[PDB]
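*Asks:* Given the structure of chain A, go ahead and fit chains B, C, D, E, F, G, H, I and J with the ligand onto it with the hints provided.
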Amino acid sequence: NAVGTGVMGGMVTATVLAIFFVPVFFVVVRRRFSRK
Amino acid sequence: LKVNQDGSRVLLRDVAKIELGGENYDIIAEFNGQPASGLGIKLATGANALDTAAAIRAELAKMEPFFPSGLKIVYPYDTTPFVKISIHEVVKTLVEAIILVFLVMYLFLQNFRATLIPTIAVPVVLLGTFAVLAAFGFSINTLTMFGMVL
Amino acid sequence: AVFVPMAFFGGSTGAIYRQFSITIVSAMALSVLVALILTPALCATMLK
Amino acid sequence: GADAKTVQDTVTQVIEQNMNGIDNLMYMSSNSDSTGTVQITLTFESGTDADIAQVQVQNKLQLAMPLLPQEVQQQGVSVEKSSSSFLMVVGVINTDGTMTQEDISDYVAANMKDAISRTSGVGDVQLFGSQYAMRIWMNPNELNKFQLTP
Amino acid sequence: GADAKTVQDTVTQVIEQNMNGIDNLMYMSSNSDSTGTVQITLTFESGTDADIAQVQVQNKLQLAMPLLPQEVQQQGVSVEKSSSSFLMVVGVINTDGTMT
Amino acid sequence: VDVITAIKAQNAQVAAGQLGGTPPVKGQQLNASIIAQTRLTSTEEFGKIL
Amino acid sequence: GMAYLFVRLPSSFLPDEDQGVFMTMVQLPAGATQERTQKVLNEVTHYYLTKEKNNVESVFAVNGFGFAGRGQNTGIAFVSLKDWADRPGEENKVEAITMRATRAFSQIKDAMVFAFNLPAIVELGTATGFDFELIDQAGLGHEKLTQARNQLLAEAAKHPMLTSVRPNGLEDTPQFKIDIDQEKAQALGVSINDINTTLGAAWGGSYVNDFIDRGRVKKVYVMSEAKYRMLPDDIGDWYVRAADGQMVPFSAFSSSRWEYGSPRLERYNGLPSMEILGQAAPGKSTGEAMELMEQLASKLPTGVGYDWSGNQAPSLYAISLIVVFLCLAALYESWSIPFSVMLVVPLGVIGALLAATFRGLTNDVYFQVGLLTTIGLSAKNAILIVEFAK
Amino acid sequence: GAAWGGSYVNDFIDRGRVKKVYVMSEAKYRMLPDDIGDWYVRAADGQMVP
Amino acid sequence: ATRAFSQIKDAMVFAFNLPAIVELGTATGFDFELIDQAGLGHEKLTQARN
Amino acid sequence: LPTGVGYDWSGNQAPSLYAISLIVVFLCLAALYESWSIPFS
Ligand SMILES: CC[n+]1c(-c2ccccc2)c2cc(N)ccc2c2ccc(N)cc21
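Chain order of the listed sequences is A, B, C, D, E, F, G, H, I and J.
Per the authors' numbering, the very first residue in the first sequence carries number 1001; after that it's consecutive.
Per the authors' numbering, the very first residue in the second sequence carries number 251; after that it's consecutive.
Per the authors' numbering, the very first residue in the third sequence carries number 451; after that it's consecutive.
Per the authors' numbering, the very first residue in the fourth sequence carries number 51; after that it's consecutive.
Per the authors' numbering, the very first residue in the fifth sequence carries number 51; after that it's consecutive.
Per the authors' numbering, the very first residue in the sixth sequence carries number 201; after that it's consecutive.
Residue numbering for the seventh sequence is 551 to 710, 712 to 859, 869 to 950, as defined by the authors' numbering.
Per the authors' numbering, the very first residue in the eighth sequence carries number 751; after that it's consecutive.
Per the authors' numbering, the very first residue in the ninth sequence carries number 651; after that it's consecutive.
Residue numbering for the tenth sequence is 851 to 859, 869 to 900, as defined by the authors' numbering.
Hints are supplied without guarantee of correctness; some may be wrong.
As the list claims (entries may be wrong) - The list that follows gives simulated cross-link-like pairs (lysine-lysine, PhoX-like), each with its CA atoms no further than 25 Å apart:
| id | chain 1 | residue 1 | chain 2 | residue 2 |
| --- | --- | --- | --- | --- |
| 1 | B | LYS334 | G | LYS694 |
| 2 | G | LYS659 | F | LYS226 |
| 3 | H | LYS770 | F | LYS208 |
| 4 | G | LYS850 | G | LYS694 |
| 5 | B | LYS312 | I | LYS659 |
| 6 | G | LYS589 | G | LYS603 |
| 7 | G | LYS603 | G | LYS659 |
| 8 | G | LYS643 | B | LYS334 |
| 9 | B | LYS252 | G | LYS603 |
| 10 | G | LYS770 | D | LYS163 |
| 11 | F | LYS208 | G | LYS735 |
| 12 | G | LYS778 | F | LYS226 |
In short, the hints are calculated from the structure, not lab data.
With the rest of the complex left out, here is chain A:
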């Protein structure tokens, strides 16, 4: 239970956030381009 409760939490919140909504897209935009 100590293993998965830590991972499950981080994984749900990794993907459903990353792939969509927040960075993991918004990054490359303002990192590769922004100013250089």
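*Replies:* Then chains B, C, D, E, F, G, H, I and J with the ligand, alone, in the frame of chain A:
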């Protein structure tokens, strides 16, 4: 001990009692309120634990049969079956994590032949980690087994 | 680049955080290698 | 017999002075009991061999060996691998041919204990009850009426 | 002087009890002679170091050392590496200046 | 040889047992360790050896 | 939020769990007996065999052996619980078993008995816990040292953001001192050798010789029937022979008087020490408590010194912040990709914190690595979002 | 041996640490060969002998 | 050699190739041992091996 | 024998040893000769 004037023989029985008693009465064990004595084996700083306790029964296997009438063995406070169980609960999660992957693999890859490549990928990667950590000195520890699963 | 740096263990937390990265670090190279030899082969050989 | 203050500075202190010049070490400790039983403990750097580390402590103890009471020399001096934690604790009782918590303690320590301690890197065996010993119970009045001492 | 029954349980047995807590081991043995000469033998797992394996047996013997006859203590106690098999056996004789 | 023997007799610590012994008697309530001779402490105490 | 979800989350080492096997030790007041202590091991075996049949498969009591050391004061009972299926509920599980058990021993008893999960961890490293030790450095003695620890244990309890501190086990029971008037002895005509091995071979025991019993050579011992060595009045029974072939009582040359010694004298590192097993405050955690304990030992008298996740992560992870950037330009050379992936770190990690902060979980070892794996998949995911679109 | 050379008789306790008790003689009675005569030993017949 | 010692003698003498092999492992050969496990003695054990 | 009287004492080697000789062959006999025809030649 002596022989007093009138040749009266003083023995060790006369001056003192003689029974075959314990060497140390300071400690006394009662298995569930019944008189008894056991063995409390302690580990040797860096010993193999489960393998040592397997050989506790191995040496003791040949003592069992030559016991007198009534003398039985019985097992309280024992580590062994906890080793047995954590292995069986982790290897359970291993097969569950395969089967469960196999369903998500079919749900997306409608091809059954395609629900087979990844299914038949990690079986081999696990075994390699047994072959790598054995080659580096580690064991099937409580830790390395969650590392198989994780 | 996050496992093996933290696999630099310490004291009674020795084989603790050690065996932690390594076990799976071992598994990562074996996962990559399999995904460079087998998963390729198998996939090419027979996928559809 | 020796009390808490006796063992503390005729066995304990004698070794603590003659317990140096050893490789890998952070501290030592001691417990000088009133029963008449001292036991020292040296903890080493992590990863250090317990095979060599024993030798060193037990081959320097054996220079203050003849600096001790002679009751102590013939008594049990030991150097072993500690692991404050049992695992297999095999209780042994009787059901049919009844025997006391002393009859068992002897047969346990006169058939099995000798073997187990040796068997598969067992650091040290603990004994519950005690092995037999030709016990004598000197009556003091009976010594006087013939005119004698212990 | 000690006969076969004497050495068997004043030197032999005293060590056999005080001969435990050792790493790598499958059996031990003994020969308590009538000349007054006991000699124990412990055989270990194959590949085990004979350097360390000696130490262990000879640093636990040396706890039952003061549990022995004093004739025995000043006598030759030894712990060594066995190899029931000689190789060089150099005989030394005399020819001219005769000696017994 | 008498001075030496006087220090190997008076200047010593002796193993005296205890009340409520290792095998006591059923019903005793106390268990206290006996003290006997003590290893001497000061220069004055060595001055008074008989 | 992420930060607050992490700083406030307590830090353990490894979760203590039901093992189907636990234990519990006993400790009587000063100078208890084998008959008095055995009464308590009968009561403890009865809480287990009548009020815990469901859970307890088999106990294994032991009178005269504490895990402090030994003596007729001490005790211990080895429990062996039934298998885990037959023992289903949370009450059936060891967390709850050592709860009402400990509560009953502090209720219907008059000594000190506990009960505990066998720390599945190592003996050391409880986390939010201690191991202090009070050394006497100068030429002071056991008695002056005792007062110093009474002032240390008093100052912590006087003003504990608290602490919970207690001694280890030097109860400090009295001893029956026997002074032998030397001059008196030699006037009556007795060797002091003969007087010593009377008292030693009567009250204490004496390893005389060895005898053979059914093959195995055992030991011959000599002492006395118990009744003639139970109280201080029984010293007079023993009459020793004097040079002039006639008996002499103890009372003649003897002196009888009690004293205050201690039944165990610990010695840490070649010097006399008394160990102190305290714990971190309910609020504070080790580094705080420890540091708020060195200042209390430094306020004690002269000639009285002392000696005692992990700091681990801070550095460990520091190298996780260097190898990433290098490996994130070993295929993605730019200084644009090496800052992409960087942000998926707390993208996932926030949820890992949250799931364990929601349930009873803590920041132990499995979680600290459940973070690392969460970050590895965070990179994975991202790098594909990058590598492909580049 | 116990006059000119020294003799490890026993041990005593000094401020905690157990040290050694030694026995020899004031220096002046063991400096030259003429000082050997000073030492008189007891004989079986309860009287001194040079 | 072995034939002559079993011919013109009255004791027991043999003769053998020094097993170039190890002491152990003759093949088609044994090493049994008869333990006395219970509290019997050397004399009762002798009859068991007989 | 009577009560209280116990006891204690190519190779089995080849059987297993050669068993792995029957596995590594077939694998190495298709590590260059992939078919299932050469691995039986
Ligand atoms: C730590 C011993 N040690 C060293 C080693 C490290 C530092 C100096 C000398 C040797 C080692 C060095 C290299 N290259 C490759 C493998 C190993 C190894 C492998 C297994 C093991 N169980 C211990 C091992």
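*Asks:* Could you run down the list of hints and mark each one as holding or not?
*Replies:* We went through each hint and held it up to the structure:
no., hint, result
1, B:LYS334 / G:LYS694, "violated (53 Å)"
2, G:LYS659 / F:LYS226, "holds (22 Å)"
3, H:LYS770 / F:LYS208, "holds (12 Å)"
4, G:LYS850 / G:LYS694, "holds (15 Å)"
5, B:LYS312 / I:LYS659, "violated (45 Å)"
6, G:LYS589 / G:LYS603, "holds (21 Å)"
7, G:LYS603 / G:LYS659, "holds (21 Å)"
8, G:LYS643 / B:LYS334, "holds (19 Å)"
9, B:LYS252 / G:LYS603, "violated (61 Å)"
10, G:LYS770 / D:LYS163, "holds (17 Å)"
11, F:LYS208 / G:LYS735, "holds (19 Å)"
12, G:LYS778 / F:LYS226, "holds (10 Å)"
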